[PDB]
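The data below hold one chain only, encoded as structure tokens and taken in the form deposited without the named molecule.
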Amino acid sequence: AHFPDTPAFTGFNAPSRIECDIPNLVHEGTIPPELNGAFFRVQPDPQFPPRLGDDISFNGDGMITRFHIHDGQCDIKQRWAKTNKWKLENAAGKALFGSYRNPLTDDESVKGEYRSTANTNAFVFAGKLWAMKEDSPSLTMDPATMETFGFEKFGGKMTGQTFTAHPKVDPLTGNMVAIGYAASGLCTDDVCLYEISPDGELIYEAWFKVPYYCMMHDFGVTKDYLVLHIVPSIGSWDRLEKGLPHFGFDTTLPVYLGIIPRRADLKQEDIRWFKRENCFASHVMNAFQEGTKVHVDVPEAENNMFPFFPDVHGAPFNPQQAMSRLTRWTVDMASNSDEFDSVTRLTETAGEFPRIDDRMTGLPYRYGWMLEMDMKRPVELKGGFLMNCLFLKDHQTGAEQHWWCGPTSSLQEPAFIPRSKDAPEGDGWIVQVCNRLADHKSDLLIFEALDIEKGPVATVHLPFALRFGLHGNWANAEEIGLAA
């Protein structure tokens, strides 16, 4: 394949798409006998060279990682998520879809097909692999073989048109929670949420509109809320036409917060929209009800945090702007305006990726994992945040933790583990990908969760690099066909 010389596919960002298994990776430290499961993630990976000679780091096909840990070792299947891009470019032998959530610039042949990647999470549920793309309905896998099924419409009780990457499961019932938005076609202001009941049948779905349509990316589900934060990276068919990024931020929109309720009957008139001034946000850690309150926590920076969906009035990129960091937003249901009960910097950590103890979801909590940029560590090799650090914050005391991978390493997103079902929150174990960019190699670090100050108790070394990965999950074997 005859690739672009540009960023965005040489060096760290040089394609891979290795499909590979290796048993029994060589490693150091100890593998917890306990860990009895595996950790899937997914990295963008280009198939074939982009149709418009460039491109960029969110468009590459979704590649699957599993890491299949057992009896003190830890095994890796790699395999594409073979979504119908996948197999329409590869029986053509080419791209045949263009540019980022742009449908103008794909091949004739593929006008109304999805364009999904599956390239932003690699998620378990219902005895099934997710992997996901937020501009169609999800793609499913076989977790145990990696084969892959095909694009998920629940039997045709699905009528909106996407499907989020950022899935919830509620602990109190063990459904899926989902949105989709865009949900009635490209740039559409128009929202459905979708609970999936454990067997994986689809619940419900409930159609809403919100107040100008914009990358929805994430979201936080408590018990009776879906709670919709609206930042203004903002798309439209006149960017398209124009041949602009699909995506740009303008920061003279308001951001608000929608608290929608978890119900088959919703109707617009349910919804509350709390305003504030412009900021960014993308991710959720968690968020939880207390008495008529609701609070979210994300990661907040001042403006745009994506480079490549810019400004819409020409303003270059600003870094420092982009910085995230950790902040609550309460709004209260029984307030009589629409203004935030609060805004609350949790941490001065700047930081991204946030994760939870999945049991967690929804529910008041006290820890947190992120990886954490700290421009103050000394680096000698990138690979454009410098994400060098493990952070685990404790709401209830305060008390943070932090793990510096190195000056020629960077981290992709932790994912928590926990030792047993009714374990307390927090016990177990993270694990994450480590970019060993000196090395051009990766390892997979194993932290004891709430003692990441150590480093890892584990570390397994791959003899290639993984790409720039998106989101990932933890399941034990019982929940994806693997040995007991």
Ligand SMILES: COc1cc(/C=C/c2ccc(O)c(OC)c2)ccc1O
The other form holds:
There are 2 protein chains.
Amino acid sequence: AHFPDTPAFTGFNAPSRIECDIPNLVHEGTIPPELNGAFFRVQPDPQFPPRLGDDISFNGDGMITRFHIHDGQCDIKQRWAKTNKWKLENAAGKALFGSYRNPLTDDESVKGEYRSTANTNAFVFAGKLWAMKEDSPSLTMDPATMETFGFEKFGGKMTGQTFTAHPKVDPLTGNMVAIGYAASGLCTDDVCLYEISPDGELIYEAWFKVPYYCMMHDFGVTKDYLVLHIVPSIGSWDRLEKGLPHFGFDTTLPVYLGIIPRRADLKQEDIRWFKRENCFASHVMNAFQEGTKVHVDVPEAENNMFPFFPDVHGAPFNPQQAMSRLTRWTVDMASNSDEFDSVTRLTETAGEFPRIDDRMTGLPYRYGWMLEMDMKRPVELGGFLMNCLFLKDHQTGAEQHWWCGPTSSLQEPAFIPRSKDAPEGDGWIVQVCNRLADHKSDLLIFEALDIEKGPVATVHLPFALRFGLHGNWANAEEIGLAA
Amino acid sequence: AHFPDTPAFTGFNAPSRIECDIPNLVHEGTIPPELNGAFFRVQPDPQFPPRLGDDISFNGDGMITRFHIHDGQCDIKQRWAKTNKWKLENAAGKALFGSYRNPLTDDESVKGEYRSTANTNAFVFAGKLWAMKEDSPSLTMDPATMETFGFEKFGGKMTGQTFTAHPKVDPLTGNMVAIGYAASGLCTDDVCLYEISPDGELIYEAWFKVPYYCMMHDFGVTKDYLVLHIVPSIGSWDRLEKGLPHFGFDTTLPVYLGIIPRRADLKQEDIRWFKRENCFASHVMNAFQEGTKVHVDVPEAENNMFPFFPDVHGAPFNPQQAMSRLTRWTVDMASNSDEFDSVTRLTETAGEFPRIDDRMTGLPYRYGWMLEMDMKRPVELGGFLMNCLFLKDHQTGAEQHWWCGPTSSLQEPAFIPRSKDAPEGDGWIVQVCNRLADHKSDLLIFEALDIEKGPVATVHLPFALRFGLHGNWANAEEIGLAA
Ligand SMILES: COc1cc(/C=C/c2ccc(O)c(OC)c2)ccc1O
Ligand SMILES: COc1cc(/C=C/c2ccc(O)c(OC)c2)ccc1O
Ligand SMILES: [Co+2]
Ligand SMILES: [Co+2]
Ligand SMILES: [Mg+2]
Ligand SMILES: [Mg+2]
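Let's compare: the form deposited without the named molecule is above, so bring in the form deposited with the named molecule bound.
Next comes the full complex, this chain leading.
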């Protein structure tokens, strides 16, 4: 394959496209013998060169990595998420879909097809592996064989066109809670709220509209509510016609937080929109209720964090204003005005990729993990450099940091509970480490509440993973692997 | 897996064990559209840590790499050669066989099993892929699926215990010509000569004895003769009982060249042994007859080339005396004495891994390729450093060199003929290049008689191959791949 000689395809961003199997990877330390299950993660990875001769990282085809941990060892199985795009381009031997979220650049032969790369999350629910991309229904796969099933439209009960890559699981019911924005077509202001039973059936689909179309990448869920931030990374057909990236950031638009009842009978009038001054937030650590209030914790930045989705008025990217810090947004459903109740920075540590013990989804909670950017650490070989694992204790305020060293960077952590009813945070953290000087990757295993001593086990891969997005652990009994 | 922290298992020698599939590898330059077939090669690669807690490179399990070149692109498929050793240890989840060629160190549960790692050649013949190791019958595999069949004993017609890793194909008949030393048991002085028809049937097996047991790794074949050098890398049960490496080099023993008739009715008395002073030679570029004379071209060194098979009298390894240079050994079957007719150095270039256009096997020939060690080139990051591809023209004497640069090394080349009846050397050379600074490998494609301009195509693998031994190209129609 002849790939472009541009930053998105060279160095750490070289195409990999490895499908492989390796049991009993070389490792150091002690893999806890309690672990019996697998950690799934996804990397964008282009099957074919881009039609345009350049592209962005978020547009690569989804390649799924599974780390099966059992009997004190770690195995890897890596397979493509065989979206309709993947299958059509594989059959044609060339790229047919074009630029990111831009149907105007597709070959006429794929007009009207789902454009999904399934490249943003690898999630486990209802016995299936979900390979997810927010512009289409989710792909599903067999979590044991990692064969692909197809797109999940819930027996025709789903009429929205899209499905999130950030599903939540409500611990009170076991339901998956999801959204789908641009639900009636590209750049529309319609959004769907979905709840899926543990058995994989769509319980309900509720439609509503938002203040303006924008990237609704993540959200929060509480007992009673969908918690939906409205942040002005905006897109338009006009932008696409002019050849611009789909999204661009508008510093002049307000930010909203919508509180949407989790009810099949939802009506537009039941929603409250709270309003604040312009800022940037993408991911949600967790949300929960307290009396008549709703709290949501997000990494907040002063300005845009996506340099490839540039300032719509032509401003150059500002790296310092892109620094995000975990911040609690509080709104009161009994308040008179549309103002936030409070905005409170929870740490001075800069970070992203926030995670929790997911059994606390929607509940008051004590622990949060993040990828941290410590600009004061040496780097002995641009972009965001995520060089630490970070743990925050909301009860005492204590913070823990682990630095991966001067030639490495880190990918998103994932929490593994010790058992169904273990206390919050009783378990382990796994995460990929980019060993940039060795052009390879490790899987690190930490004791989740004691990270400053470093990982208790380091699993070496004999090749490099690419930049990853989101990933999750599932116990073996949830994914058809051995007891 | 917990592997030892020793040189044979770290750095470039880290275990890999990757089984994978990747079509349409990222590449540069122009892959000739004439190419339709595959290049097979093998790397020792340990499935499990060694029982002893250390080992040598030559004892790793055979991992087979196939580069399928077609339609101007290159695909890779890599699979284990599933020897009986591989299968037994896989089932047990641990190493059961011990040190190199040392049955005294095996677990009692595998007493009497073939110890083969099938790690020395990946050869194509009679529609099968041969994964070869000189201490046992050859393994065979499906060249298209790269599944394993098992050990080839030719319907019971083979009674020798061993089969070479350096088979030759006689262009006059299409027969495979092979030997098997230590044919009646470990360290015995019996050798078998085998010829196999193009249909895969054993034509004949002829037994004889050699002057002393030693590593009979390679050999030559002419129209009338097996040409067998006797070089004193010797082994013994006594060495094994004392815990020494199986082989050690004895500088005090003579070197012989045996001329053995290629005949099923062979008798010991039909053999001529020519004798010369001590030296080291392992591989054979080619052998051929001229009147009553036999010529064989080998890389000759003053002393031992295997530091892990040390001098039997305790001398430290001598790197300078291990430098090998292509040398023609000539003997005359009509001569009165046992002296060589001539010993003539053919180049001052130091090199090994000699190859020819294999259609000239056993015939007078013009071209030879080697891996070259140019000690005068910069190395910007011990062992042999093979840093050039080398081509020798026996007709004019001309020499060509291509240097892979200061941070790379090279593996064995293989010649690809343009067509069945193209002139000698009309075709291409393929070879793996170790990109040591990038911790990855390339496959290089050269115009076979014009190498100084560099490869015409460079295929990038997104991971590193390990040290390889021998490999071969086969046209697609010979290995069940598409026309
Ligand atoms: C600062 O917030 C982060 C965001 C992201 C990516 C979001 C994302 C959005 C849309 C996509 O279509 C997509 O597809 C791959 C990805 C990654 C890391 C972060 O820290
Ligand atoms: C200097 O001659 C060379 C020899 C070799 C290896 C021979 C070999 C011998 C016995 C084995 O059992 C084996 O198993 C892996 C390998 C490799 C490169 C060279 O240049
Ligand atoms: Co995300
Ligand atoms: Co050899
Ligand atoms: Mg269904
Ligand atoms: Mg047979």
